[PDB]
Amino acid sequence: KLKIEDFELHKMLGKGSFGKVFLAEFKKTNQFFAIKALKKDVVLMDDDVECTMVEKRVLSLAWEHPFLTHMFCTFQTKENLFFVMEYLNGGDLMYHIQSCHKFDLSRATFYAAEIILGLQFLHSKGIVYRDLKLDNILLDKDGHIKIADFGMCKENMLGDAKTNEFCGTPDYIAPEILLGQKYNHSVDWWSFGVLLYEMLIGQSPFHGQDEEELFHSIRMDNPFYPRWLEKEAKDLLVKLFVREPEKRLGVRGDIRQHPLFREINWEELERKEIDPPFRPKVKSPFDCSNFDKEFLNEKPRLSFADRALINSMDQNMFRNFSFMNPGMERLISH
């Protein structure tokens, strides 16, 4: 017995076709959370039932690593699916990059390095992420990265294992996906290269007025590296933008030992003992300063649902959705 009525929803942090994200407090205990609220009819019509389940299962693994969004619990009603998360109020990287256009080399290097620790952890558990992009990297109050939105993940990718779904955000989609090849963790490293390029250069590496032109650019065009770019930043990007997956850095070699990361102790980084070069402005743990005001002004509200589609729905589609860590269990029982 855990319902959304138990949570007081203070503000709406984000919104989309998927659903909404709220800044939520539990039972007036000054204990804050972020709640991604989905509607089951939306999820059904979008064909994201398995994605929702993949999101829940991956987040059950994500507790063990510092640079993934941590999930306290999940639960469902007849209409709704709720992911009760930690509240990460640093702001995402897309938001931050809209303001300054470009990240300085130390700042980009730091983010790149923390993301590597995130991705390699997922790969080691047999999870390929497939939706790496700026707005899926959330910052915490101190400025370290947290990878978010695992609904596009693929599990059981250990050993000699491949998969075949055309997916990802267009700018980031790897050429092996575009070519219809079966793929492994390699895709994430091409996307990583795209993300790193955007951090450093402030524009995308590949371009087009439509997807056909954009996908062609990803298949064929040489990425532009400005004269001002640090030689090792160029080098890493080049070694990531290799179209043959099994020759790509991150699939082969050791990406940790690339000269760009010379000054990084990876044990220290992983232990959060390296102060981030950028620290976001955060007056409090309940601060909202780093979110867009279109969402924050719009008061929190749960949408109605297609009552016909829900009653007609296969009632056990979201079986095994409810998860509950022991920490949240103590908080609730008081």
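Residue numbers count along the first chain shown, from 1. C-alpha atoms forming the largest set that superposes within 1.5 Å between two forms make up the rigid core. What changes on going to the form deposited in another entry:
Of the residues 46, 275, 64, 268, just one CA atom moves 2 angstroms or more between these two forms under rigid-core superposition; it belongs to 46. With the core held fixed, the Cα of residue 288 is displaced between these two forms by 2 Å or more.
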Second form
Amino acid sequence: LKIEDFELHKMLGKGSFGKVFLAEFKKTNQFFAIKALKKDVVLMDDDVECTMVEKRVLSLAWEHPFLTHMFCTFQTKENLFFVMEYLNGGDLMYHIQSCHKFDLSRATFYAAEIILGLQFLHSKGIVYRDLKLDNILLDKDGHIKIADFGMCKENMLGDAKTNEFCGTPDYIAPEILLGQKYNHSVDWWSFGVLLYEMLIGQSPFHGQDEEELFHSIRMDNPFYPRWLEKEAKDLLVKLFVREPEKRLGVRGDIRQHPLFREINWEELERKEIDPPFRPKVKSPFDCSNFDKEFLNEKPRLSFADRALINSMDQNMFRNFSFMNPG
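For comparison with the form deposited in one PDB entry, would you give the structure of this protein in the form deposited in another entry?
So it's only the chain below, everything else dropped.
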């Protein structure tokens, strides 16, 4: 379409995902989140293939309820734009800061929806690789939304393996740290780290610097507090198996774990289960549920290196455009 069809109200955030704005369709008064990338910055960072994978993965996302939905993708001479579902309900990291840890039934419900979201991605041959509490958003009813598909690997059906060193320090799998070829097993390790943090309110591994933390991930036994529910410990013990082919999620059937005894997986995937908690949100402009760091910055697209833009190959971002049905 055209970015002029939108009024950019706020910068929600800025970072490894580029820039994301609170945007209103002029015109209809519907609010969206818009991820904006500079094409010259993408080429400098050597991230052209990254951008295309993210767009292709986001193209599939409307098929599942627990992934952030993308409505459309379009480009300018300088810019790439992704028009997304707007979620101001807050991320799980932000929410956990207030309460320290989630109660067992709340953590169990988030774990179960994340399982459904991850298993959907793996069935499409996608390894997600960036699972973390910051990437889990709440919709207005309190169901989860997995966000940020910028680290995904795309052709991972059956026996397929990859090699890249990708992740966030606390959540990175030991097989990545040992330089091994890996599959979706790494997502189930990160899932364990995320579950552990929800239940306990600390990371399972520790170190004063990245190096000591990597050693902890490879060597240490996570601490399980005396009060922790038996089945919750048992699930964690089964995900924190360092041999990938023996980890729950890769082997066995994680849905059948006694922790999820009371989960009807069919009803959950249809959103027929009452969320344990619902964010309080007065309007699209209510920013009570997320980090306010960038909200007073002018909601502007910054200047590009005109020289690089007018000289670069223009067809690197072809097949970028996409329209979600209706």
